[PDB]
Amino acid sequence: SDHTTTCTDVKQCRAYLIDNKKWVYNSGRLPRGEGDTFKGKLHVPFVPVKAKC
Amino acid sequence: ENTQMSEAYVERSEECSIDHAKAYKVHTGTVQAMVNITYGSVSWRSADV
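Chains as they are written, first to last, in the deposited numbering: chain E, 211 to 263; chain D, 99 to 147.
What the hints contain is simulated information worked out from the structure, not anything from laboratory work.
Wrong hints could be hidden among the right ones.
Said to hold, decoys possible - Listed below are the simulated SDA-like cross-link pairs for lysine to any residue, each with C-alpha atoms no more than 25 Å apart in a straight line:
#1 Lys-251/E to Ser-237/E
#2 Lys-249/E to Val-108/D
#3 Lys-221/E to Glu-99/D
#4 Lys-260/E to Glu-113/D
#5 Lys-260/E to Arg-110/D
Please construct the entire structure, taking both the sequences and the accompanying hints into account.
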């Protein structure tokens with residue numbers, strides 16, 4: 211919370227955000243997390259099935 | 099001054115359980131048939147031999 215930084219410009223300091231309440235699929239277009247990210251699974255809804263055409 | 103990892107890895111697709119090319123090796127095996135038999139004054143009776 212708060213933490214008023216004692217420096218001048220907004221262009222010389224980066225910022226981040228650590229939200230861990232929800233979880234995301236490991237895309238190839240997202241940066242990898244810090245350490246051990248767990249292997250928790252979601253089902254794939256529309257699987258292949260052998261039908262009649 | 100930065101570093102991006104970007105590894106890649108090949109695994110089996112999810113449609114491989116429904117169509118795939120099984121690769122068999124064939125040796126000689128049994129021969130079966132089916133016959134229709136009548137004789138004299140009886141009807142046709144069939145069995146697997």
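Requested in this report: Could you tell me which of the numbered hints above are not met by this structure, giving the numbers in increasing order?
Outcome: Violated hints: none; all satisfied.
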